[PDB]
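Visitor: Residues per chain, in single letters:
There are 2 protein chains.
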Amino acid sequence: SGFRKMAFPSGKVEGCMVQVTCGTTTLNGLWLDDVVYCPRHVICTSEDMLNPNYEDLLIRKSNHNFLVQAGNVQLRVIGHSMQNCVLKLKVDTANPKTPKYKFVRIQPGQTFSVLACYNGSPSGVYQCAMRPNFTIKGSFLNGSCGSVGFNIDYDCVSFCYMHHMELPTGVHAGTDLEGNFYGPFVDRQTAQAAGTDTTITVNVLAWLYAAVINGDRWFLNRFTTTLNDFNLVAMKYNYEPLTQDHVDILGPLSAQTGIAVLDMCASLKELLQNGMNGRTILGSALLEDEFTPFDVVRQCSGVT
Amino acid sequence: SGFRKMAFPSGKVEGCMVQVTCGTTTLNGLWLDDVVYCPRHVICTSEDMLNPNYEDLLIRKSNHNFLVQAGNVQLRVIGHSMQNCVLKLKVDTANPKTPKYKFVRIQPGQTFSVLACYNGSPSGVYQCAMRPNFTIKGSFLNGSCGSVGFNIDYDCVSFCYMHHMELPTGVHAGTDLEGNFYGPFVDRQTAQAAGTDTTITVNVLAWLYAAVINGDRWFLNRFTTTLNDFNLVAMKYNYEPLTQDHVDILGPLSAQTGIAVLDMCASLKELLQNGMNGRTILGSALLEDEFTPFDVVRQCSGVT
Ligand SMILES: *CC(=O)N1CCC[C@@H](N(CC2CCCCC2)[C@H]2CC[C@H](O)CC2)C1
Ligand SMILES: *CC(=O)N1CCC[C@@H](N(CC2CCCCC2)[C@H]2CC[C@H](O)CC2)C1
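Protein chains in written order, with PDB author numbering: chain A, 1 to 304; chain A', 1 to 304. A prime marks a further copy of an entry chain.
The shape of chain A in the complex, shown without the other chains:
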């Protein structure tokens, strides 16, 4: 028993981290097979960071200008290209530590682990969620750009995120591994609006099921509700509307605990309307939304 914000073991990803330098800018790259992936803003300078013309900036760069270092060994760059907001540097050596991998574009509300890196060196790993507004609340300092987010299914790493920037509000924005930003963000030093964020309702319900499984049951009540009544409350409290797809994904947890999804919705409704009254659930004094129903089943069953 016990419930923790657990990240995937980062080993398969640590073996892929490299340092990329262009001019005087250094950030992280991801070395998979004979390609190194990194944020294209590695080619920009302070003079043009307000509105870089990446096409023109990349034209002034040659293969030998991209310095790629894997630990202490230098990689030879034999090709370079820009795909959306990522640079793909073809190298002459395939990474011997390349795990089985996929590039995936995650949905908002889904979770992933982040391996924060500096100078191509891993510093730490944490679990987070892609917010409904397509930002992530990470921990990233200068030099963390190019750090990636991922999920692991047995031996396969699905890379889903590459860090590009911190908004003036302290939240983080990035791309999938094809260089497409999550959300409306652009890779330029400008004030950018992150939309109204909402709480991931299906994840809070999944976490409430995790709480019941682990013995924290005080919030269970003698009430039920309907999807429509619940959604009136969800809208009032800036929670995502619950759909029948969300109810269906909660099926296994409803089955294991014997608590119907709409009965758990009534418990959640009461917690939203009345607060926690100074109590905690799984060591938290607020409603946690960064655990998916998949994460709860995985953690509560022991998926390695």
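Read the hints as simulated data drawn from the structure, not as lab findings.
For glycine and all other residues, C-beta sits at the position ideal for the given N, C-alpha and C.
Derived CB-CB ranges, DEER-like:
1. A'/226 - A/156: 51 to 61 Å
2. A/103 - A'/82: 46 to 56 Å
3. A'/107 - A/280: 18 to 28 Å
4. A/141 - A'/73: 32 to 42 Å
5. A/94 - A'/73: 20 to 30 Å
6. A/142 - A'/196: 40 to 50 Å
7. A/276 - A'/59: 49 to 59 Å
Derived DMTMM-like pairs (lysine to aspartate or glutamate); straight-line CA-CA distance at most 25 Å:
8. A/97 - A'/33
9. A'/102 - A/14
10. A'/97 - A/155
11. A'/137 - A/216
12. A/102 - A'/14
13. A'/100 - A/14
14. A/100 - A'/14
15. A/97 - A'/14
16. A/137 - A'/216
17. A'/61 - A'/176
18. A/137 - A'/290
19. A'/90 - A'/33
For this one, chain A is given, so just place chain A' with the ligands on it according to the hints.
Guide: Just chain A' with the ligands now, kept in the frame of chain A:
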């Protein structure tokens, strides 16, 4: 910016996990050089788990009874011995993935990462603290025994914990890598009292400094206090007494922020006496104590 409960990258530890089976019991082992370390309770059975005579039980076991598997390859056991509550199985092959390592006995209040494992396979990584009562609030299911806790200093892994058991209260107990339990716990299926736990005051103050660095400053007030006055409040709220050693370790954070340690103690005093009034600090609605002053500096400076 941003503040997360970050674990160390687990790669160096993943390379050391093996599966150990004895009779019909399977748990995890840690393969370092030519030795595999695991909980000695791997040799016990349901009939004798209430009070095992480990000396007598180990005498009925031979080297060939200990099945050690590293992924898909079987290791040859050429020696076996019990040191306190751990079994040391000498193998004929040194682990080629053995990182630079040390065995350390951590102090209560110190933090470490845990690589939860099942059948010798890593499932996830999380950061936790050794409670003042020598328990850890982990996430461990059946088969997680032998999973280890560690810290990483550049290329050196300091192993500090090996998981042995879950108390009837759902908290976790284990040993250092010499097999000595943290706390008064014994490796037997009996009701065991975990003492009164207290909040790690120096860590809460370190986290308050992390909050200030990241912009969460609402809790700062126009007051100061003394070590003696503060400790009267700490005792009332089951917080560890703050010593001058704790004030000294907070020195760097006091210097960076310009907030004297006793002024931060007055902010903490007010938060204890008045609560959070429905507000949050670093995304938490309670006072976090599982970040040491070292963790706050590391995360806020980018130590890889
Ligand atoms: C995140 C990271 O590691 N890096 C590499 C170093 C430069 C850095 N920033 C520049 C770019 C410009 C284009 C849009 C994204 C950010 C700067 C911005 C100014 C700040 O004062 C320091 C980091 C990105
Ligand atoms: C934690 C773990 O992986 N393992 C291996 C499988 C047996 C397990 N437990 C037995 C020992 C007995 C000695 C004291 C520590 C626990 C059992 C206890 C009973 C429970 O119902 C299942 C796990 C330890």
